[PDB]
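Undergrad: Residues per chain are reported as follows:
6 protein chains.
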Amino acid sequence: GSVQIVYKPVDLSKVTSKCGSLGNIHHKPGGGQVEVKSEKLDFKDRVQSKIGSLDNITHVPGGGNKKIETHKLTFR
Amino acid sequence: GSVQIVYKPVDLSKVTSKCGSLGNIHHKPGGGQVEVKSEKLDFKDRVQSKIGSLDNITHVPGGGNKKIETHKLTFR
Amino acid sequence: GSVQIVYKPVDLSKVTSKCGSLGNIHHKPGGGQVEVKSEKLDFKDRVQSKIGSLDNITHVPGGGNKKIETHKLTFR
Amino acid sequence: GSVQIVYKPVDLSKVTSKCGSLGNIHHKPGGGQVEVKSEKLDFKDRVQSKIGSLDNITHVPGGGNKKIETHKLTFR
Amino acid sequence: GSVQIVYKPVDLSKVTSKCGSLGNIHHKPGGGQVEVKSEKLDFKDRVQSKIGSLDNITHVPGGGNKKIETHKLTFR
Amino acid sequence: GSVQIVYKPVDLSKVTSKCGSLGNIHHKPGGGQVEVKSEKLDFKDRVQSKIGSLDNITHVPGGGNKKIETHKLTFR
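Residue numbers (the entry's author numbering), protein chains in the order written: chain F, 304 to 379; chain E, 304 to 379; chain C, 304 to 379; chain B, 304 to 379; chain D, 304 to 379; chain A, 304 to 379.
Note that these hints are calculated values from the structure, not bench results. It cannot be assumed that every hint is accurate.
Identical chains blur together in the list; that is why a pair holds if it fits in one copy or across any two.
Derived pair list, reagent style DSBU-like, types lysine-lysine, alpha-carbon separation capped at 30 Å [as the list claims (entries may be wrong)]: (1) 343 with 331; (2) 375 with 321; (3) 311 with 347; (4) 375 with 347; (5) 331 with 375; (6) 369 with 321; (7) 321 with 331; (8) 331 with 311; (9) 353 with 317; (10) 311 with 343; (11) 347 with 331; (12) 343 with 353; (13) 353 with 321; (14) 370 with 311.
Given these sequences and hints, build the entire structure.
TA: Okay, structure coming up:
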């Protein structure tokens, strides 16, 4: 028997920004201390892991906009 | 017997911003202290993990807008 | 018997902002202390985990708008 | 007229201690925050001053005894 | 007329200690934050001053005993 | 007119200690942050001053005893 699919999403959408002067931003961390103890680690399949981080980030994009899409079609 | 699907979402949407001067931003952490103890870690399949973080972020996008879409069709 | 589906949502919506000068923002954390003790950690299937974090965030988007969309169609 | 003074205190005193194992001491301060505002500071003659301190002390003497004496004679 | 002074304090005193094992001492400060503002400072004669300190001390003497004496004679 | 002074303080005193094993001492500070503002400083004569310290000290003497004597004679 006939099976028909039509998949045809239409997207004219926009993510957009205007900004004046972007600046005069100060990030000044006063150190820190970290300890971790373990005997065994055992990581299998898809794993994201951070152990003992002390991480400083300054992130100042003039836009910084995101558009994210998943399109999935599954047939069985 | 005939099966017909049509999938055709229409999207003219907008995510938008206007801003003046963006600035005079100060991020100033006074340190800190962290400890973790374990005997074993045992991570299988999809895992996201942070152990013992001390992390500072300054994030100042001129837009920073987000649009996130899942389009899914599953057929059995 | 014939089975027909049509999926056709229409979206002309807008998420929008206007702002003057965005600024004079101060974030000044006075340190802190964290400890965790464990014998075993044992993480299977989809897991998100933070253990012993001491994390400081300053987040100042000029727009910061979010639009999140699920379109899901399932057939058996 | 003849003036005679004699000053002759005798001191055989003892300040004394005995102790077993001195230990298993933990001092773990959880940070803190301090602010001071002033227009003028104006210090004359003998002054001791602390402004805006955030100071942590661990003090574990095996003895820690103190003996303090003023001997004064004043004549006119 | 004759003035006679004799000053002859006698001191056989003892400040003393015994201790077992001194140890297993942990000092772990979780950071902190300090601010001070002033326009003018104006310090004359004998002055001791700390402004804006953030100071950590661990002090573990095996004795740590103190004996302090002033002997003063003043004649006019 | 005769003035006679005799000053002859006798001191057989002792400051003393005994201790077992001295050790297993941990000092681990998690950073910190300091700010000071001033326009003018005008320090004259015997000023001691610390501005903006962030000082860590570990001090573990096997004795650490102190004996302090001022002997003073003033004649006018």
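Undergrad: Take the hints in turn and mark each one as holding or not.
TA: Do the hints match the structure? See the list:
no.: 1; hint: 343 with 331; result: between (36 Å within a copy, 25 Å between copies)
no.: 2; hint: 375 with 321; result: neither (33 Å within a copy, 33 Å between copies)
no.: 3; hint: 311 with 347; result: neither (38 Å within a copy, 37 Å between copies)
no.: 4; hint: 375 with 347; result: both (26 Å within a copy, 25 Å between copies)
no.: 5; hint: 331 with 375; result: neither (44 Å within a copy, 44 Å between copies)
no.: 6; hint: 369 with 321; result: both (15 Å within a copy, 15 Å between copies)
no.: 7; hint: 321 with 331; result: both (28 Å within a copy, 28 Å between copies)
no.: 8; hint: 331 with 311; result: neither (50 Å within a copy, 50 Å between copies)
no.: 9; hint: 353 with 317; result: neither (35 Å within a copy, 34 Å between copies)
no.: 10; hint: 311 with 343; result: neither (50 Å within a copy, 49 Å between copies)
no.: 11; hint: 347 with 331; result: neither (38 Å within a copy, 35 Å between copies)
no.: 12; hint: 343 with 353; result: both (15 Å within a copy, 15 Å between copies)
no.: 13; hint: 353 with 321; result: neither (36 Å within a copy, 35 Å between copies)
no.: 14; hint: 370 with 311; result: both (19 Å within a copy, 19 Å between copies)
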